[PDB]
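Presented as structure tokens, the chain that follows is alone, the form solved without the named molecule.
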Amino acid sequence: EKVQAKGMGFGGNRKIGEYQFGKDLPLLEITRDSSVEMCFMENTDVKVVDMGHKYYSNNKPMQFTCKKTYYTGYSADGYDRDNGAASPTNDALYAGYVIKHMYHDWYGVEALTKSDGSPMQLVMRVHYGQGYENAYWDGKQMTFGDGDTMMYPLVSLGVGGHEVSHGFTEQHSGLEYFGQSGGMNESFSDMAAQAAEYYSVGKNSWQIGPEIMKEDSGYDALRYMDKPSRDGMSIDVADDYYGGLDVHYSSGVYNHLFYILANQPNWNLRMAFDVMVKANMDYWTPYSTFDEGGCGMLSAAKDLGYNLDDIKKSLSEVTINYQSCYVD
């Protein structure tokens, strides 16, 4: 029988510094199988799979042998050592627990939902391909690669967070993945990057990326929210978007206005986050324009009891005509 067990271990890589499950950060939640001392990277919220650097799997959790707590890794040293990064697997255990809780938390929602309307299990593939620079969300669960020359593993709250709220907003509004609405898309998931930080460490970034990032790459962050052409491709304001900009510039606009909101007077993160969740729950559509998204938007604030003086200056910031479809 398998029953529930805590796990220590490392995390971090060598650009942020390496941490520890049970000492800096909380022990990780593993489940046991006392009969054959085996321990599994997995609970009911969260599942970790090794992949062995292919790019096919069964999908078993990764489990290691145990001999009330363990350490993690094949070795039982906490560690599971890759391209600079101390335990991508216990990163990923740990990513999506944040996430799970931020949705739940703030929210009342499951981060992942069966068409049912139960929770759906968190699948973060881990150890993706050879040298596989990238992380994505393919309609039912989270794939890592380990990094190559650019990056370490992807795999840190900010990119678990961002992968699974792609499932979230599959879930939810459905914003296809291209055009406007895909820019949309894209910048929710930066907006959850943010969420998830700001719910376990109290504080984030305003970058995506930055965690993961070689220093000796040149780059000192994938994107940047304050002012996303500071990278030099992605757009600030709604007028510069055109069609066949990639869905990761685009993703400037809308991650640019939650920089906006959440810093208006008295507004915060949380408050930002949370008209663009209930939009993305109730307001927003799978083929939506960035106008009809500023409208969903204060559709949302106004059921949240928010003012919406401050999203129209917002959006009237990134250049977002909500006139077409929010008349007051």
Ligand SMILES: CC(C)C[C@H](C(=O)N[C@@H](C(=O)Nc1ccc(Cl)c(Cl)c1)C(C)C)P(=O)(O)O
Second form
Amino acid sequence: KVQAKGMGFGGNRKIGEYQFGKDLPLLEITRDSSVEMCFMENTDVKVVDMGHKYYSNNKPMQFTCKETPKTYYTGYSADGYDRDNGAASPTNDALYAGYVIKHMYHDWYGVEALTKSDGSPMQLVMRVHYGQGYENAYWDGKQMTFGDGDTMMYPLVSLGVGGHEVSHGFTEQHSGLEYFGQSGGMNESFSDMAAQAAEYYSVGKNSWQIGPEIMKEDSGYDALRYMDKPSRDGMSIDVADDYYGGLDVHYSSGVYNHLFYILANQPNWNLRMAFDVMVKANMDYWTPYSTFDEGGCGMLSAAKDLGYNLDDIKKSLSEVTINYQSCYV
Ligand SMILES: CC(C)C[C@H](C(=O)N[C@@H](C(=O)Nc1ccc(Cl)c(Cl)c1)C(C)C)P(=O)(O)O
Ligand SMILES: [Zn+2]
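Next block, the form deposited with the named molecule bound, ref. the form solved without the named molecule:
After this comes the whole thing, all chains and molecules, with the earlier chain placed first.
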């Protein structure tokens, strides 16, 4: 097998169709020239076509690429497409999203996005077309799985959704924030922060929302979540003092989502600087049962290591009613 390039399409009916090879770079694929077969796979990312099944052998998506129709059109029909539920090619978008997320973590932090139990780098396995009408995505400890959506959502393959799911793995392999209570809200938030960071890495801008690009225009929802004012969704909370023990992690995530938005918008600050503090806290300070307040201490320690302004962080923490005075015993 050799290194090859893939030309084709991505996007969906809402955000529009674009072309790998014109609007965005070509995709990194592999080819077995002896059999004129190509694979949606490279060293860093493997795309699996689940075929709307709930299980798979996780072999890479494979498609015919003939010397006489190097660069080849993607898709089982060699036309650049892999259409499903209003998306041009969720498998192309998954291969690109994995590239972006892998290179964001390498370029910004010199770290693998994912690693095995023994520290060896872990290939990003992006499993697409999962299930029948599955309107979600999930991380399972070793790979990222994305449905094709149904009446409410387009296929859930985007930079943001991919960044969110890969970063559940980043958290599991670092702080290990447990997926309930306050630590679980932080876990969810870090993944929503990484969705923004992936967008910022790719195009230098981010929506401050989760999933607007995959919500159908007739669903009645503009987005899954809003980071500037989480309570816009009717359930998420904007400050730590509004937390209660029965609040799901997808709603208590509003605390650190709002905090991330606030910090990134302090004078002189940007998304990358805010994410630097969060990533370093996840890597070096946050503990599996962290409270919101303890997570603020970790942010402060991380910022001190990086040389970043602590008063700007303290002001942001106070705005989401996190008690950082506790950090100084
Ligand atoms: C970026 C996205 C795709 C990540 C996933 C996610 O947030 N999507 C769902 C959600 O809002 N769930 C949710 C909300 C409330 C409760 Cl009570 C529970 Cl149980 C789950 C769904 C609505 C698409 P993930 O965190 O599960 O991997
Ligand atoms: Zn999540």
